[PDB]
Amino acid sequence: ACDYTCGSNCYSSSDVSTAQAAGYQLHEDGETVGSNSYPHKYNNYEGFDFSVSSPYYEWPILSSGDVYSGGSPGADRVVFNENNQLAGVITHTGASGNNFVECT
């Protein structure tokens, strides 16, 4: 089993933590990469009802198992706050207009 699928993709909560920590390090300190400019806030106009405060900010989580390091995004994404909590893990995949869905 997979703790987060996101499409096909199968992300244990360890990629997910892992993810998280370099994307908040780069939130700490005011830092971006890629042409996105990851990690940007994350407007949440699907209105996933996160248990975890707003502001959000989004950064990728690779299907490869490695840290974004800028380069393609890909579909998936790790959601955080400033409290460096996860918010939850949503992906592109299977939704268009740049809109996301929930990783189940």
Second form
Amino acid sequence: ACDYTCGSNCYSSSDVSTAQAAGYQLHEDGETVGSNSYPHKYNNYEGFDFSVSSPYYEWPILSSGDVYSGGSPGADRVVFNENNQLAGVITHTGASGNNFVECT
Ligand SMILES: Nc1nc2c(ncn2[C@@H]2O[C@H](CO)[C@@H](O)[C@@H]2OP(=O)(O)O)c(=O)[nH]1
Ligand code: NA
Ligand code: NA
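Take the protein just shown as the form solved without ligand 2GP and give its structure as the form solved in complex with ligand 2GP.
The next block holds the full complex; its first chain is the one shown before.
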């Protein structure tokens, strides 16, 4: 039962909660991991209608169930704000160029 579906990936919100929590922790600390330095600001160039207030930050969500720990970010991301609220779940899967679509 998919709370969020990114392409073929099935995410529950515990799955989300867990990804989120780690990214949020590193955001707060002023540190990043990976060659892409996650977490980092998500601009919302795509213009998604998130309810949550900005600034937004993106952190990879792993199809593997595993919390991102520095390798490939994959195509999926968790977006959260400074108050640590979940903004949405987006993915490169299904989007053209280097844009993102929302996970459903
Ligand atoms: N598609 C997309 N990429 C973003 C967004 N915010 C930040 N980024 C991207 O994240 C990377 C690290 O900041 C950059 O390649 C890229 O931004 P740029 O196009 O602005 O350079 C956004 O809202 N959408
Ligand atoms: Na730093
Ligand atoms: Na392409």
